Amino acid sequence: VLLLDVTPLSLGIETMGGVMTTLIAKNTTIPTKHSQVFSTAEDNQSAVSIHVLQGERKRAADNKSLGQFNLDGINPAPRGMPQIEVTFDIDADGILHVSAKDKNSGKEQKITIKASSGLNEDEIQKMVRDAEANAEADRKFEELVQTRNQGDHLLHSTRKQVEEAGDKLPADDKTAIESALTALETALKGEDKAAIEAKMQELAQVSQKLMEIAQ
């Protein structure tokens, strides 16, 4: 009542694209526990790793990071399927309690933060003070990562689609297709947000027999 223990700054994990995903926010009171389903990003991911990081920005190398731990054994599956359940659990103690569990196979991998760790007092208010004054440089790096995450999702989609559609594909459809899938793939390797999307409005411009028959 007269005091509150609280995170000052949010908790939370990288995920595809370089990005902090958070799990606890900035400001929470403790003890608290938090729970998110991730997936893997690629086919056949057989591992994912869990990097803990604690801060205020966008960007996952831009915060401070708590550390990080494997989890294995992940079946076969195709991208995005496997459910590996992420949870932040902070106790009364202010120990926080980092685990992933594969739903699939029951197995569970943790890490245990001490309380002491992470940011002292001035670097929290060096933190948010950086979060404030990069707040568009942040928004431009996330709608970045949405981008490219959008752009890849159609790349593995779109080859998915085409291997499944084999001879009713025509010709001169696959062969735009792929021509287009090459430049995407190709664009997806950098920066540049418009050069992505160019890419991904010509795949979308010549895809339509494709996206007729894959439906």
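Superpose the two forms; the largest set of C-alphas matching within 1.5 Å is the rigid core. Numbering follows the first chain given and starts at 1. First, how it differs from the form deposited in another entry.
- The only C-alpha among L66, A60, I50, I177 that moves by 2 Å or more between the two forms, given a superposition on the rigid core, is that of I177.
- After superposing the rigid core, the C-alpha of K33 moves by less than 2 Å between the two forms.
- Core-superposed comparison between the two forms: the Cα of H153 travels less than 2 Å.
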Contents of the next structure:
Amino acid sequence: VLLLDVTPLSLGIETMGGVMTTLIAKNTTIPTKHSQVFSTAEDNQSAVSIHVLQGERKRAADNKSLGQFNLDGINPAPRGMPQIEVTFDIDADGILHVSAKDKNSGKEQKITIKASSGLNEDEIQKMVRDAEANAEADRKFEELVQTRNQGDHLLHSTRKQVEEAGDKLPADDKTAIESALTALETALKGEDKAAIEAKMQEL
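Moving from the form deposited in one PDB entry, what structure would you give for the form deposited in another entry?
Next up is only this chain, free of partner chains and other molecules.
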């Protein structure tokens, strides 16, 4: 009642896009545990790398990496179908317990990060400040990756849709497609939202 144990910065995992998904939000009174179900990005993806991070930025790259672990043995499946649950657990001691478990095959890996781990009080204030200094440039990244990821989804949707009607697709339609798809993917590697939405439009 007089003082409270709180997480100084948010804790989460890096996801598709180079972004960072927060599982334990900033200033949560630590004895807390949160779990969110994620999946794979690619078809027949056999393992996922759980990259633990601490920070407030949108780029997983602009945060503190607390550790990383792999959860493999994911039985081949269409991308977006395997179920992987990541669970962030911080006890009163402030020790972080990050586990991942294939909600089907039963497999589960674990990593335990001690409370001395992370950005010190100094780094914590700089993190918080840069978060604010860059808040908008960060917003640019958010809208960028959402679109980028959606361009990824189209590249595949389309690519597979070709098979679903291979010969049904007359040459200079089917050829007109294979071409732009090449174009979009290159754009996705880029970071121009305007350009990506364009190559998306082209397809």
